[PDB]
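Only one chain comes next, encoded as structure tokens, the form deposited in one PDB entry.
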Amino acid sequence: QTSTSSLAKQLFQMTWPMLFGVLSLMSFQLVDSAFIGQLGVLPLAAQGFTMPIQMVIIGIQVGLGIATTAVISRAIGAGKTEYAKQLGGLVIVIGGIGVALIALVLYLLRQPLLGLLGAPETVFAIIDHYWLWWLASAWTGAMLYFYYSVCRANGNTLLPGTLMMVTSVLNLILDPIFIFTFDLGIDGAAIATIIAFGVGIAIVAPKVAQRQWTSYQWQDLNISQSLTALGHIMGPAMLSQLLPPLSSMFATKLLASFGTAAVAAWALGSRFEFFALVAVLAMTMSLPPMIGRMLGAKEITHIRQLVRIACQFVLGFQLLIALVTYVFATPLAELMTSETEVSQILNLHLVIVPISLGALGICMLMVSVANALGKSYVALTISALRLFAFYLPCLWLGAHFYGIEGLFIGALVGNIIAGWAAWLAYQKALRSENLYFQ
């Protein structure tokens, strides 16, 4: 019982700085789009069509980020200390030229890209200069995220957590000064972001250097073997990032049949689910470094107990949230929209699907755990099964049988199955590591 009491406290200490950090990363877009909306309906439109290429950049840095925390933490647990810090340096370099090249082709192909997006011609003139400064800000934030990943890979979420809170406040402060005071317009938003992320890097990188968590002496470092280890995780991880938007392109057609109010209500419903799962979202970044280290240290029993502690919190925590959401469903629904038609559909959503977020959270958790064990294809399978085998089919069946209410019932059932399938997938994955048992 002292084992589960020690692990629960550790998981808590690792999670809460990421709980504050998730919200901070979150607000960068909401704060930026807030100030730019003041510039007119057209600059605000330019930001809207920046959202897709942002998902691409975000998906890449996360895909790599998941890979680094998995292989480096495992290397540390295995005692391969020098190899770990060599890996950290390699990631910073590989992440640098990689994102830079991606930012290149995105700009060279912006006119066909905006074409597929269905962007108006009036928008094109703005993107031609705004994406110049924005892609620079996206690259800088990527580098900061990589240093964040190295810190997490070394078992630290505190420094990334505070730096997420620092840079976000900085971006809030700097935006009006650059946008309005300096009369830079929409580019001032991107430029202020660069400075904000630049301050973070200027803080985290020297501190990483002190602890020697990064190294660029690669004489005895097998580079091709290291990039193979990273690519094995990073590849499938990026593929998983593509599944939710590719699921929406199916899901949107179904919701379109229920009218304009139902579509708007679904958008508000998704935004709420994201907020109700910030704890699990914080645990998808705090838990994997712990798992990876334990796997390398051959502490299998700790992994078993740590995951079970994590699972029991999520299941109980989301049940309470679902309960509180229920009794305040009507004032919550009428707070988020002024349109009556939308309020009533959102209300129906808030009393049906939040109870399923406990199971969905486990599904999210097992995906990150699988990646932490190095089982990137298991993690990809769970994500693919969640959306295409369980979620969308249940959404369709519910809508067909019992309309807009049944569709929400479908979301409920789909999440319970997905989470139960995820738990079964994790169990099978941990049994593969039993050769290291004690």
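Positions refer to the first chain, counted from 1. Superpose the two forms; the largest set of C-alphas matching within 1.5 Å is the rigid core. First, how it differs from the form deposited in another entry.
Looking at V31, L412, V378, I58 after a core superposition between these two forms, you find that only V31 has a C-alpha shift of 2 Å or more.
Once you line up the core between these two forms, the Cα of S432 ends up 2 Å or more from where it was.
Can you give me the structure for the form deposited in another entry, which would complement the form deposited in one PDB entry we have just seen?
Here you get just the chain by itself.
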């Protein structure tokens, strides 16, 4: 029982820096959106049309981060020291060139892409110069993230977690100076981001090199083989990032039919969901390196134990959050908005949906665990099933027969089913191959 206690403490020490990292990140972003809020209609419009192109970049860099963590940590577990740090170098190079190529073709095709999003010709004037700075910030952010993924792959979350706090604070300070004091406005925010993330890169890269987590001596490295190993995870993992945008697209049409207040209430409700699941989110970045390394070292008992420990925390922690939210739903809703029509609908959301976030957290957990074990297609299946088999059909059924209140019930049912299904798929995956013999 000291092993279970030891595994629990290891997971805690790995996870809390990622919690603080994400929290520090969201603290900047909330205040950052407030700064852009004073720019005007056209700048904010320009910003709004930049969100979808951002999701694509984020989906891509996360997909590579997931592949990086799974393949490198497993290599370390198997005692492949040279190969693991060669992979670290390869990932940096792949991400560097890949994102640069992506950024180039996106700016090249800005007019058609904007056209397809129904962007008015007026926005084009601002995007012509804003995307130059912004795509540059996206590349710098992606690279910092790739360094973070190499750290995590080598079992270190403290350094990326700490630097996320540093860059968040630094970006917060630089934000009003470039936006207002230098009157760069919309460009100023991107410039503040480049410098912040740039400082992060300047700090983490020599540390990664000093610890020999990256190498550029690839004389004995099978590049085609390594790319195949990375690609096997990254492909399906990228697809999984593509699904939640579809989730919002189906959901938007459903919600809009219930009025502007229902739409506004759902936005606040989703925001609350995100915060309520921030600990689970942190765990999806801390747990996979532990799992991957253990798989490489054939610590299969510990894998099963650690996952169950993780599931126990998620179920328990989200139950408490749901209870607290349930008790204080009315004053919470009225604190989040002063529009009564919105707060009344939000009040309903806060007593129905949060109790299902434990099950949703399990689904999130199982996806990250599947990827960590190199079962990327099982991970994609769980994500796809959650979306198109469970969540969206239940949303549509509830909305159809019972309006906005029925839709909330649908989200509850959908999340619970999805979590149960995810756990079953994980169990079937373990039975599919004896992990002792790969």
